[PDB]
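Participant: Chain by chain, the residues:
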Amino acid sequence: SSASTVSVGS
Amino acid sequence: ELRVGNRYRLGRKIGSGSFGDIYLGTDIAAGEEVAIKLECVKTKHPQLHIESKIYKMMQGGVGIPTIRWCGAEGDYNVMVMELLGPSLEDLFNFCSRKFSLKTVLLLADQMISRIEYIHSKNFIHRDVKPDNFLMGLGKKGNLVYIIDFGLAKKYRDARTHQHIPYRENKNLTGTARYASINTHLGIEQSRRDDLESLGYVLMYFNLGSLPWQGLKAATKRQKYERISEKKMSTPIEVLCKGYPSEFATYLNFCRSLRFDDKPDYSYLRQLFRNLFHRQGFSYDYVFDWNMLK
Ligand SMILES: Nc1ncnc2c1ncn2[C@@H]1O[C@H](COP(=O)(O)OP(=O)(O)O)[C@@H](O)[C@H]1O
Ligand code: NA
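First to last, the protein sequences are chains X and P.
Take the first sequence: its position 5, counted from the start at 1, is 5 in this note's numbering, and no numbers get skipped.
Take the second sequence: its position 166, counted from the start at 1, is 166 in this note's numbering, and no numbers get skipped.
The reader is advised that the hints may include incorrect statements.
Stated by the list, open to error - As a list, the in silico SDA-like pairs of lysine to any residue whose alpha-carbon atoms are at most 20 Å apart: (1) P/220 <-> X/8; (2) P/140 <-> P/42; (3) P/220 <-> X/1; (4) P/153 <-> X/10; (5) P/42 <-> P/17; (6) P/220 <-> X/2.
Source of the hints: derived by calculation from the structure; they are not laboratory data.
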């Protein structure tokens, strides 16, 4: 699922 | 089919990350396929030039893609890089989401080395996950590369090797599935967190999935917190049950590291090498996917 596999932050 | 720099021809999209897109290209002058990252110049917050600086800093490292050219053409910032092969996630799916112990240990050896190399250049990666490790092509087909320095940051001063200060109250940066427990608690990332993440990646390859996958939540932030709680409530010996003790010893070691500790990379590689040898495996780079008929 995108929520757990998509990196977040910069 | 656009010209890029003097000598690069743009082909079809092969990938998209957080910013820009990655295209097949040809180095017309050399007769070599390349990957070309484009970022729209009109972006408010340009990132490609910063990423190209980090890749340039990493050059010479085994399993760091070569940067062949950086510039700006028409509507785009341009970074031309070595063309790489499929991700470890791609290959995992190709292998029916089962890796042999030998394949996991072949990968662990290189992946620890890639992380150590990045750390040696004063950076932490902060996005360690199977999607960000690509096998090379051709003569480089036995080499694990690391990509995606979009979350990478200096953990120490390049002059003084002064470590970044301890901070708390952070929002999660990176990928929730593989994030360290420290990351979930909102603690500043350091070298230990890239290695703990790799330990989850290795158990992911062993299990086919991690026990904190598929946790239902109303929001992303709530999902991160459910993953946090599941990770903190899953003992390493339960996560690693039915697999060689080395995977548990590895995760226990990483979880014991102090914020500014230099990891014993050699110890961690030797842990898996000793297991590899006890199993009678050879370092012949024959991965599971090399056997696909
Ligand atoms: N050099 C490359 N060769 C082949 N595919 C690549 C390459 N770099 C990236 N990709 C693909 O494009 C996707 C997006 O890459 P991205 O996360 O922007 O990484 P980077 O900035 O390191 O190129 C990757 O997940 C991968 O599937
Ligand atoms: Na091989």
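Participant: Hints broken by the structure, by number, lowest first?
Facilitator: Hint 2 contradicted; others consistent.
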